[PDB]
Every structure is written in structure tokens, then in C-alpha cells.
Amino acid sequence: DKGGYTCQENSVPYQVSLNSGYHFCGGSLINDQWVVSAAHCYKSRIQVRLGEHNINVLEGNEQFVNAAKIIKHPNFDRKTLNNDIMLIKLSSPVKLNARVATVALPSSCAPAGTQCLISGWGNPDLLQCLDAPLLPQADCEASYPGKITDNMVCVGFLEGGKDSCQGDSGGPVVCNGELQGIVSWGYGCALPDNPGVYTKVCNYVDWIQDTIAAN
Amino acid sequence: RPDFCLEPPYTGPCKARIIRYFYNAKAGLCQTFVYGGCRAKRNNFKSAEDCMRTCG
Ligand SMILES: [Ca+2]
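Residue numbers (our numbering), protein chains in the order written: chain A, 39 to 253; chain B, 330 to 385.
These aren't lab readings, by the way, just hints derived from the structure by calculation. Where is the CB? At the ideal position from N, CA and C, for every residue including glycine. Any given hint could turn out to be false.
[Unchecked claim] Which stretches of chain A does chain B cover? Using the computed rule of at least three CB atoms under 8 Å from a CB of chain B, they are:
1. 61-71
2. 115-127
3. 201-213
4. 220-229
Bound-form chain A, shown alone:
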């Protein structure tokens, strides 16, 4: 397994599941009509499921809403994964409550060493959680020679053992109440010297705000 623990039910209210017949990616609710996820999670038709804990059972607090507009970063590179970020506008606003809430965009870039919370159904039935720190760029660079750009950040452990895995992409990395990362890629999962790589959200706050205001 990926080393996480089952999150306390609805303790990560901003977490969403992207579904096109089955769960294939995660995402984060940033306001009542928009979700942020990874660009490699793009699909022409996407249904967003909010308020989920067990994605295989109808629990009663879920909200199912179709994506109305899917906007990938204009500079996304499918090969290098640079700028792996995408915005999804929902068909209608969701009802915000205790199980369905938004997460704040970063005020600034969090420094290495900051402890964060990574969540996803990745490894799917129950939402998994993982407490892990942002790693220094130098360490990230050493683990993935020539593959890390300034729009990426490594989060995890160089000894491996704990990590996000397939099914987690697009999901949140929240540190001190702010969305600092988006699950993107890695070589394997929980492998030593190959911690997960995440889209560094603080580099896109203006793009996000500008895009939402215009759409």
C-alpha cells in the first residue's frame, strides 16, 4: 500500500472525485463553482463528486455535478508535465456545508520543511490521507535529474515508504490551510529516492484568478 491512513470521514471537505464512469482523478474545490485539478486528468466529459468518503456507496452527503467548462493551462506539456494544472467550472454552484467546503489558494510559496496533508482515493473506496513535508528543490532535483522545473515541488520522503499513487492525480497538497500542490507524477510510488512530484500552485494564483473572473 501507499502508506497513508484513512482520513476521518469528511475531514477533507475540499476534496473531490473526478468521475467519467469510474473514479480516475482527484481535485480541489476552490470556490462554489470551480475545481482545480491536474491537466493530465483532462477528459471531454467529467462529473465532479463532492462530499465523498466511500466512493462506492451512496452515503447521503454527496453532490454530483457535471463539468461545464474544462480549461487546461495554456502552456501544459504532456511529455515534461510542466504546468500540469487545469480548472473546471461546474454546471451549477454547489451547496457549501460542513462536508463540502473550499480550500484557500496560497498567499505565497510555502518553504521546504512545511508539513502538509495529501489526500486521495489513490493507491479505491475510502479517502486516504498522508502527512508529509515539502522537500528542498535540491533534493527533488537530485532524485529526478533534469526533469524538475520551477513549477514543480517534491513532497514526501527520500527513504520512500509513503507517497501518493495512481488514482491520486489532481488531488490536493494542503499546508497550513492553503493549497500548495497538486498531485502530478513520480517514478513508481513510495520508492526510495523518488518522492512524488507536485504542481507548485503558488506560481499560478494570478492565472487561476484571472481565468475564473473571465469565465
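Guided by the hints, dock chain B with the ligand onto chain A, whose structure is given.
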């Protein structure tokens, strides 16, 4: 048949969970595997029919 049909399925570095088809030589047929969402190799098909047509 083409060499890429005999290669093991390639999940890739991305962490999405997308079900794709790949031709399994040992089994002599196309089965499903989890693709990560990026950098697909050739033994990766959106459908069994395309998988069997190409690697049958
Ligand atoms: Ca459910």
C-alpha cells in the same frame, strides 16, 4: 506480430487511474491495466477491438 505487443503494460509516471487495454502474449489476448495518464507506450489501447486488431 509487432514487438511492442510483447512489451509489458506501461503505467507511466502520472498518477491518474485510467483503464486501458494491452495485449497479453502469455494469455494470447487483450486485458486491462491501469494507465497513469501520460507517456503511453504503444501496447496501450482505448478499446479491446483496437487492441486485438493491432496486436492479434
Ligand atoms: Ca459515497
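Hint by hint, here is what the structure shows:
1. 61-71: This one holds; 3 residues, not fewer than the three required, reach chain B with a Cβ under 8 Å.
2. 115-127: Satisfied; 3 residues make the cut.
3. 201-213: holds (count 7)
4. 220-229: holds (count 6)
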